[PDB]
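Student: This is what each chain is made of:
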Amino acid sequence: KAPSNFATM
Amino acid sequence: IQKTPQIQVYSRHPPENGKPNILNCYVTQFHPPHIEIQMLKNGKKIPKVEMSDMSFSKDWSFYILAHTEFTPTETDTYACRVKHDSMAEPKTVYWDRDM
Amino acid sequence: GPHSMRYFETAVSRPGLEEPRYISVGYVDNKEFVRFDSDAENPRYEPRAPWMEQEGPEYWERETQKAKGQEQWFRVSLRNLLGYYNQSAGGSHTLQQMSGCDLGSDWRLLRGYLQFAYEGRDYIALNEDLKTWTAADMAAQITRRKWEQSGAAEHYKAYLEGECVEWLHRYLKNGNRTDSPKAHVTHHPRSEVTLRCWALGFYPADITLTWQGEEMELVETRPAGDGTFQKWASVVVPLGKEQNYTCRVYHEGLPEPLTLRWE
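Chains as they are written, first to last, in the deposited numbering: chain C, 1 to 9; chain B, 1 to 99; chain A, 1 to 176, 181 to 195, 198 to 218, 221 to 223, 228 to 275.
Hints listed in this document are in silico derivations from the structure and should not be mistaken for laboratory results. Among the clues, some could well be false.
To be verified - Mimicking BS3-like on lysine-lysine, the simulated pairs with C-alpha atoms at most 25 Å apart in a straight line are:
1) A:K31 x A:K157
2) A:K31 x B:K58
3) A:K66 x B:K58
As the list claims (entries may be wrong) - With the C-beta cut set under 7 Å, the calculated list includes, among others, these residues of chain B facing chain A:
4) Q8
5) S11
6) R12
7) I22
8) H31
9) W60
10) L65
11) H67
12) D98
Claimed, not checked - According to the in silico footprint, chain C covers these stretches of chain A (three or more CB under 8 Å from chain C):
13) 38-50
14) 243-256
Yeah, the Cβ is synthetic: ideal placement off N, Cα and C, and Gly gets one too.
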């Protein structure tokens, strides 16, 4: 279950 | 910044002259992931060389297994030559049937 | 026995290129099980173990969309990092990510992981508490403050305590081994003779070889290309006296350590 990132760097 | 490839060359199965086998060139510990690998028979490129998909280890360095079918003989010598940005010139590692 | 899931994600920007090339590789118990590569003609997550072909087309469709989200996130993040380190146009850059979860033999969560590298080097990482961030670089403080302000950790922590564990349980049930090393010693004459202890056909890759009643050249463990691994350890020995030296293989699939020699 691939993660989904939040705020961008 | 650059990280220099570590290279081993070796057969999948114990080498026996005359008997078909698989030749591996395992390249690790490199950055950036762009890399040129050739396998050589008598200093000439073997044209049919397969490449694993690229991956990277927990230390963030990349790695890749190159491999081609070959048949060892008493006299022929096989080699792996890796071209990459951390090195001014290609690096060649020769196959040693005993290593 | 304990278990684990990881996603290793890579994004590379090159001058000539336009959009980053993005690759994501999923692993269960350190073996590759899915993969996405934006360079593919029809980019999508593809199964990489037969036991994942059990998953239906809605699973693959959602996963593929998450990956396209990551693609957007790594491209923007790459753009921002270019500004953070005052790097100009014309260079190649890399952003990498590792995430996932470690479970105990009881199947409970041992530890969450979330780390990022820029140019092959640690950029920012979620601490084991899944609440605070470690970021060494001065440039990386900008990201740390951004993420502290937006509350990102809570959301990665929810993923890592929930989905990662939940879906790892499902994959373990669906994909329900180890291969013991086979050893042998080889004799090679020199100046003295060389004895090289081989272990072959073992999985997973963790192994140790020694020579002996006290504790040498070796090679790093290497893949055979079939799914199994190889390793050898060798030593310089005087002639005729080679029955006195003993190799010991240690592997997690062995009932007890091997003890053998040249014959």
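Student: Each hint should be assessed against the structure and marked as holding or not.
Tutor: Tested hints:
Between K31 (chain A) and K157 (chain A), the direct Cα distance comes to roughly 24 Å. Compliance with the 25 Å bound is thereby established for this hinted pair. The straight-line distance between the Cα atoms of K31 (chain A) and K58 (chain B) is roughly 14 Å, inside the 25 Å bound, and the hint therefore holds. For the suggested pair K66 (chain A) and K58 (chain B), the alpha carbons sit about 23 Å apart, so the restraint of at most 25 Å is met. Annotation: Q8 (chain B) was flagged as interfacial toward chain A, and the flag holds, the nearest CB pair being 6 Å apart, inside 7 Å.
Restraint check, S11 (chain B) versus chain A: the minimum CB separation of about 9 Å is more than 7 Å; hint violated. With a cut of 7 Å, the hint placing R12 (chain B) at the interface with chain A holds, because the nearest CB-to-CB distance is about 5 Å. Because the closest C-beta pair between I22 (chain B) and chain A is about 6 Å apart, less than 7 Å, the hint holds. Annotation: interface hint on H31 (chain B) holds; nearest CB of chain A at approximately 4 Å, less than 7 Å.
The interface hint given for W60 (chain B) is met, as the beta carbon of that residue sits about 4 Å from the closest beta carbon of chain A, less than 7 Å. The interface hint given for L65 (chain B) holds, since its Cβ lies 6 Å from the closest Cβ of chain A, which is under the 7 Å cut-off. For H67 (chain B), the suggested interface contact is upheld, since its CB lies about 5 Å from the closest CB of chain A, less than 7 Å. The closest approach between the C-beta of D98 (chain B) and any C-beta of chain A is roughly 6 Å, which is under the 7 Å cut-off, so the hint is satisfied.
Proximity of the region 38-50 of chain A to chain C, defined as three or more residues with a beta carbon under 8 Å from a beta carbon of that chain, is not established by the 1 residues found. With 0 residues having a beta carbon nearer than 8 Å to a beta carbon of chain C, the region 243-256 of chain A misses the requirement of three or more and the stated coverage is violated.
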